[PDB]
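*Asks:* Required output: the full structure, derived from the provided sequences and hints.
This is what each chain is made of:
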Amino acid sequence: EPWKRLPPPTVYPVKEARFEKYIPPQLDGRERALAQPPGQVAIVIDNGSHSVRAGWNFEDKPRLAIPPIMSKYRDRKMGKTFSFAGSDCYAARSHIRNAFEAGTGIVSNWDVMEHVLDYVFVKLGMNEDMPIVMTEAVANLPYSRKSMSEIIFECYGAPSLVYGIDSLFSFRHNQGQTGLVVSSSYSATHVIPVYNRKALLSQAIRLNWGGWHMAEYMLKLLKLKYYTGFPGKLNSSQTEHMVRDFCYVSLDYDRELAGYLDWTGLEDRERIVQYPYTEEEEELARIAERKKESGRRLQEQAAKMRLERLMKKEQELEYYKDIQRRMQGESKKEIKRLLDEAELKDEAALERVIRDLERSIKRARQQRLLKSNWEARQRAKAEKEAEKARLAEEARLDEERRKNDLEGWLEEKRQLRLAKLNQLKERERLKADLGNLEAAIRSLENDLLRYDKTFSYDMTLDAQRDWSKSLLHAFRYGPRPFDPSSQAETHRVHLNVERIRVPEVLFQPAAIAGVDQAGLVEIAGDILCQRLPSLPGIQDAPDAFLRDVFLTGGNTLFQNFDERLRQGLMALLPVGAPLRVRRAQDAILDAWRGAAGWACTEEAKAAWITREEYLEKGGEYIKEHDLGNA
Amino acid sequence: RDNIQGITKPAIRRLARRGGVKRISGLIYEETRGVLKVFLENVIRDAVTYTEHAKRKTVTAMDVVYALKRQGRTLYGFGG
Amino acid sequence: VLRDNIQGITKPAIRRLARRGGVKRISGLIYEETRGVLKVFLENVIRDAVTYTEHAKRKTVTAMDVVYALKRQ
Amino acid sequence: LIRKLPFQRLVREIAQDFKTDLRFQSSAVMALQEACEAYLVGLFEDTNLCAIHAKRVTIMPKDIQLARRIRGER
DNA sequence: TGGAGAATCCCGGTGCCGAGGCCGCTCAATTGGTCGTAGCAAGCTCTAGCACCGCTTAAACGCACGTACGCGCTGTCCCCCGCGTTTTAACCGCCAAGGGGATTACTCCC
DNA sequence: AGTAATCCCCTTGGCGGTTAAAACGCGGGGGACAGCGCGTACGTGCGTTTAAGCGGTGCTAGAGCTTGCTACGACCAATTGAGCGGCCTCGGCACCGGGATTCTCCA
Ligand SMILES: Nc1ncnc2c1ncn2[C@@H]1O[C@H](COP(=O)(O)OP(=O)(O)OP(=O)(O)O)[C@@H](O)[C@H]1O
Ligand SMILES: [Mg+2]
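Chains as they are written, first to last, in the deposited numbering: chain J, 17 to 107, 111 to 147, 153 to 304, 311 to 394, 429 to 500, 574 to 767; chain R, 23 to 102; chain N, 21 to 93; chain M, 61 to 134.
Calculated directly from the structure, the hints in this document are not laboratory data. Keep in mind that a hint or two might mislead.
[To be verified] Taking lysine-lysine and the DSS-like style, the derived pairs with C-alpha atoms no more than 30 Å apart in a straight line are:
| id | chain 1 | residue 1 | chain 2 | residue 2 |
| --- | --- | --- | --- | --- |
| 1 | J | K244 | M | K115 |
| 2 | J | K37 | J | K88 |
| 3 | M | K64 | J | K321 |
| 4 | M | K122 | N | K91 |
| 5 | J | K20 | J | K590 |
| 6 | J | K484 | J | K452 |
| 7 | N | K77 | M | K122 |
| 8 | J | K88 | N | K44 |
| 9 | J | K351 | J | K448 |
| 10 | M | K64 | N | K77 |
| 11 | J | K448 | J | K392 |
| 12 | J | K452 | J | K392 |
| 13 | N | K79 | N | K59 |
| 14 | J | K142 | J | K742 |
| 15 | N | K91 | M | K79 |
| 16 | J | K375 | J | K362 |
| 17 | M | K122 | R | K44 |
| 18 | N | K79 | M | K64 |
| 19 | J | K366 | J | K392 |
| 20 | N | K44 | J | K93 |
| 21 | R | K91 | N | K91 |
| 22 | N | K79 | M | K79 |
| 23 | J | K351 | J | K392 |
| 24 | N | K31 | M | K64 |
| 25 | J | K760 | J | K222 |
| 26 | N | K44 | M | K64 |
| 27 | J | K392 | J | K590 |
| 28 | N | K44 | M | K79 |
| 29 | N | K77 | M | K115 |
| 30 | J | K93 | N | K79 |
| 31 | J | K247 | M | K79 |
| 32 | J | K93 | J | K77 |
| 33 | J | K96 | J | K77 |
| 34 | N | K91 | M | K115 |
*Replies:* This is the structure:
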């Protein structure tokens with residue numbers, strides 16, 4: 017059997033957002049910053065909903081990368097307040116709040132945002153004056169721009185601030201002259217057309233699906249898969265690591281999906297994630319004796335009721351035979367009068383009752433009464449012994465039938481098996497409503586198994602009911618048997634179809650998760666084919682953009698994401714179009730690197746807003762520039 | 023045929039007045055018609071079941087009263 | 021003699037019964053209201069269960085007397 | 061859900077109003093408890109709808125009283 | 001507070017139809033005796049209901065304290081009410097029909 | 001003993017009209033519903049203690065079953081009057097009209 021042949025399963029421990037070590041204030045960064053030439057130093061903050069990434073413009077990578085979360089609480093034992101603002105929170112008490120509105124790119128809890136920024140400036144080593157470059161959501165809300173500016177200029181007093189878009193910084197860092205920028209991030213997916221290094225933000229589109237939504241959706245699907253119960257505490261922080269580690273984009277979803285749960289090869293399509301389970311004769315002899323006596327008592331009680339039914343049925347039988355002894359040679363009125371004493375109405379009803387009692391009985429001062437009761441048991445024993453005689457010789461006759469008419473005898477077993485299955489079907493398909574054989578079926582199928590070379594176990598009724606012929610076992614537990622007793626085989630989830638079903642929401646949002654928005658290929662194709670050729674200032678559209686479709690943000694890092702997008706776009710473009718899909722180098726940090734390289738250029742310093750310009754114009758005002766919002 | 027629309031807006035209003043209702047959303051009227059016919063479709067199928075099982079081709083007042091009494095809504099006055 | 025045993029259905033027990041009914045949050049006045057509900061119910065069940073016991077001239081109330089009392093609700 | 065011993069004592073205490081020195085078969089108390097838990101659980105379901113209908117997530121005594129009034133228990 | 005006017009009440013008058021009493025009779029309730037039996041009573045069995053002790057630890061309680069949510073407040077706007085107009089179909093009466101169920105005739109078959 | 005015509009009765013259907021009830025229009029009001037601020041009242045976590053739950057021992061009330069018979073209800077035939085179907089009438093309740101009292105709303 018396959019589960020006996022298959023190797024032991026390979027299993028992956030659950031991963032979650034966890035603290036690992038402290039990091040001190042990085043005073044060498046402050047030292048290096050004070051050493052830079054005038055107007056060539058800035059603090060660069062990539063304000064990401066998954067990670068805030070921060071560092072110095074003159075360095076090649078962030079010094080900090082922390083979730084935009086705070087935890088603040090009063091210790092009920094020690095009696096003092098504690099406060100935390102990143103991965104310093106163990107994501111020990113997880114009183115967590117998040118700066119962003121859940122599943123969106125917009126900051127809305129400004130108290131968390133200040134705590135996150137306090138942690139940033141502390142760990143960058145600021146103690147008392154530095155220009156700030158901060159990334160911003162596409163089409164970011166003016167109220168959030170205002171609130172962020174107020175914090176930067178009036179809480180922290182910074183000399184100058186500029187906002188730009190993480191998608192576009194990533195593009196310019198990778199030599200983006202002109203192209204279609206495709207960003208899938210934690211919060212969102214965007215397609216932005218970029219022309220002559222300037223983004224055409226009036227033509228940008230947002231999907232409202234991203235790496236957060238995939239973690240939440242993977243969580244819903246797992247809580248549905250194991251809806252009858254799962255012992256581990258399923259958190260979307262865990263399903264995020266499952267989506268990172270195990271999910272991939274299909275190159276032909278319907279053909280890969282339709283075969284995914286087929287038992288052959290599911291061993292290699294499944295992946296198994298295991299939660300931290302706990303491993304759990312005089313005693314037994316005495317208890318078993320008490321059980322054995324209790325069972326014996328139940329057996330005696332059944333036999334005592336059976337013996338009461340034996341004596342009752344034999345006494346009933348004797349009475350009905352006493353009628354028959356009269357009825358033979360007596361009138362219909364005597365027949366009717368004796369039947370009326372039974373309140374029966376037919377001699378053959380007495381025959382049926384006489385036989386049916388015998389058919390039941392065969393299965394199962430004082431001395432004259434006691435022995436005549438024992439003689440009713442001897443009348444029962446005569447039915448019981450005649451039953452024994454009947455069965456022994458009838459079986460020997462059938463053994464001759466097997467020897468003498470083997471093929472017809474096999475053909476009989478088929479005809480009987482079907483007829484018995486028909487009665488079971490006539491029972492069950494009806495009783496499935498009307499409720500509001575089996576050993577005979579087996580015995581027939583057993584001889585068919587024994588000697589009918591046309592028969593197989595796969596047609597056995599039990600095989601129709603077997604777990605390894607089911608689909609939901611493959612879905613929930615894969616190629617291998619399952620028992621709830623094993624603490625190691627409980628506490629594990631089998632990902633199966635969700636390996637591919639979760640990434641495919643980007644391509645099929647309404648069909649898979651009901652998002653009611655166009656898929657990624659349809660968004661990009663609407664821009665390339667319908668919009669940009671209509672926009673009158675543009676030249677060489679679409680073709681100039683097709684030469685660089687560019688992938689950015691962590692939620693693009695799925696395997697086959699590029700080739701899926703290429704093959705999807707290839708069918709929407711005219712034949713021989715020079716379509717190139719390209720990945721960013723290091724598609725997460727690369728948006729910060731773009732902001733850092735841009736930070737002190739003349740283009741950036743023309744776009745900087747000073748504290749005094751902020752006091753003049755207010756916090757909604759922005760210098761419009763290639764990499765930022767209008 | 024749709025004589026359910028013969029249960030007019032004034033009639034559904036009058037029933038709500040006897041029920042002690044002061045102000046009635048205009049959406050109530052189609053909800054009330056849907057509720058009324060679901061009631062009738064239970065009582066008549068039982069009243070028919072009685073005439074059918076009692077082998078008559080007319081429906082008597084007592085067929086309804088048995089139907090109601092079995093539905094749980096004992097009616098006094100029409101036999102019963 | 022017995023008195024005040026209705027305070028034996030504790031407030032955590034009333035929480036468990038409410039949460040299994042799908043309740044999210046519980047007004048602090050529910051706890052005495054639940055007891056006025058449980059007692060009025062359990063009296064008029066036991067009234068019948070005992071009536072079925074002094075009929076048939078017996079002195080244990082049986083599970084069947086309970087079943088016949090519930091069946092009368 | 062309800063603790064067994066304080067439910068036994070509640071049953072005895074109630075029963076004494078009808079007949080002194082009754083006895084209760086052990087299966088009779090469990091049959092009472094299982095009906096009471098099923099009754100309270102089923103009423104809290106109906107109160108939760110009364111709260112949710114009044115836009116309140118928190119159930120309140122007038123939610124019990126509306127449920128019972130519509131169930132005809134009052 | 002007043003007032004006007006509509007809406008609700010009251011007082012006496014009219015008439016119609018159904019409530020209350022009378023009559024004839026049937027047939028269902030009563031008187032009288034029979035006979036079977038079941039369930040009332042006395043008696044034994046042993047189940048299981050009640051009482052108590054001692055131990056374990058999970059379940060119940062009292063308290064600190066934070067923030068999520070119930071509630072009164074404010075503004076709007078839309079949609080359901082009160083009233084006059086238009087119209088349609090419910091109500092009434094009278095005639096038709098058909099159907100069905102009980103009865104009666106006449107023949108063939110037993 | 002069967003099958004079809006004859007005849008009662010009672011239900012369904014149509015026609016006319018008349019008028020009372022349903023539908024339609026329109027102004028405005030005020031009640032539904034979204035929005036805001038606060039604050040208090042319920043969920044959470046901890047240390048405390050309380051008694052529910054289990055394993056075990058002892059007793060006797062009384063549930064449950066059998067035996068024996070006679071008191072009580074089932075069954076039948078003869079007797080009769082309490083209760084039902086049909087007819088009558090007069091008085092209670094409705095229905096109307098008209099003047100008197102109440103209540104409502106804008107001033
Ligand atoms: N190798 C990977 N494969 C797939 N997904 C990944 C991988 N690494 C990270 N992710 C996921 O991609 C997302 C990270 O996106 P990224 O950090 O680029 O965005 P962000 O700047 O935090 O977000 P936003 O711009 O929406 O505010 C997370 O959902 C993360 O789980
Ligand atoms: Mg990002």
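*Asks:* Are any of the numbered hints broken by this structure? If so, which, sorted upward?
*Replies:* Of the numbered hints given earlier, those the structure breaks are 7, 27, 28, 29, 30, 31, 32, 33, 34, listed in rising order.
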